[PDB]
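The form deposited in one PDB entry is given below as one chain in structure tokens.
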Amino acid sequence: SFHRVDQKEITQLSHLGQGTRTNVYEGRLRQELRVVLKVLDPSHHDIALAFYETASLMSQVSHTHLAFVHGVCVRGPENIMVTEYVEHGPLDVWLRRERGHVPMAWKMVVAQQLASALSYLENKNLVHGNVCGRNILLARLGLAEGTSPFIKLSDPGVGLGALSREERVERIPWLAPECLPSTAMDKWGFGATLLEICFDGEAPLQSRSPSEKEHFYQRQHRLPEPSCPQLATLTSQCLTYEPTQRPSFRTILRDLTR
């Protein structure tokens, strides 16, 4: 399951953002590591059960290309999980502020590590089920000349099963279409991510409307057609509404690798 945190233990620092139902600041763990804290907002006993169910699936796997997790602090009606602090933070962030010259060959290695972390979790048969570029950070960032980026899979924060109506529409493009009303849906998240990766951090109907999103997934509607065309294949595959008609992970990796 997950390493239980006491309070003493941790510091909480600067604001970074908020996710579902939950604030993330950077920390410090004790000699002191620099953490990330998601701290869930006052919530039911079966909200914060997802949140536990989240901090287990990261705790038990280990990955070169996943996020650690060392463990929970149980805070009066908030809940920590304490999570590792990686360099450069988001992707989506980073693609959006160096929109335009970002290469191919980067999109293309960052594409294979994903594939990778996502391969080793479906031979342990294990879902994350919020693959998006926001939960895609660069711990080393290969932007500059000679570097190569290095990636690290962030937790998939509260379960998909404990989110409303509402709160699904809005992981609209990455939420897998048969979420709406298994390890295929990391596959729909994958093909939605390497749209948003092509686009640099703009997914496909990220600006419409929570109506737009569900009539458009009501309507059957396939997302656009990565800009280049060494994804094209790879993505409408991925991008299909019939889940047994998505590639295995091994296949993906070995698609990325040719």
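Numbering follows the first chain given and starts at 1. In this text, the rigid core denotes the largest set of C-alpha atoms whose superposition between the two forms falls within 1.5 Å. What changes on going to the form deposited in another entry:
- In the overlay on the core between these two forms, a shift of 2 Å or more in CA position is seen for a single residue of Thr64, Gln60, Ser227, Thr233, which is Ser227.
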Contents of the next structure:
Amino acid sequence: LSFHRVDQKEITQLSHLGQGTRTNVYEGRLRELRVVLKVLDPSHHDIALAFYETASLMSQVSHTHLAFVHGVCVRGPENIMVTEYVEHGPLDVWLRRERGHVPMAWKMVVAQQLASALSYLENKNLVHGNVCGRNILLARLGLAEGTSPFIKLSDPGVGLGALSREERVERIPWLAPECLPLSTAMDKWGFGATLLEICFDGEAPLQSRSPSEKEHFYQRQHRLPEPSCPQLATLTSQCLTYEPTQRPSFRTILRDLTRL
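The block above covers the form deposited in one PDB entry; next, return the form deposited in another entry.
Chain only, nothing else included.
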């Protein structure tokens, strides 16, 4: 309910960027700010409500590493979330294109930035539910001498609670295992999975596997792979622990990363 209604006349739709979860995403302009326009598919009212819920919740938080949500445009039957365009796009796509050339120090800066934003959300007691490399956007590349990367975590889109089992399974291994059959504990697991994804240059474990085989992995409660670095491995394994209450707080995660 508490979100800004963007007028259709204030937005200009440019190029199609990709399909998202129940969406098509376009570059746009907001009268001018550079934005993305997330056009909801024709949906049951409960999906639209979950879409509105995200826009409302995201409009009331602020963080240097959270992408802005400008509001929602209702254009006839259409529902369009209007969010900040982040210059260099998704981290996973970028890492895959740049693989082999990204130092561990760079990855540790990015990790700390993400842990900072999630520590703030944990404090606000706000569930994200879609922490993954595709949703970490690069505002600054930080490869050049004297530079440092700068990320922004985007909104979760249609809230996890409204999605089907099939699309929850597709979100494995970022999806917390307790969510397969809503606590901020789930974002600790997504963080851990995103750290693995980053360490492996944008390739998450279990992505060459079928949906039924991802589901089976969780049902057997197999442990996800560890990175080579034992301190980093200690943190990822702690985050990627099946019992949610055994996952460390983001205050603790943040402290551990700062020493790395």
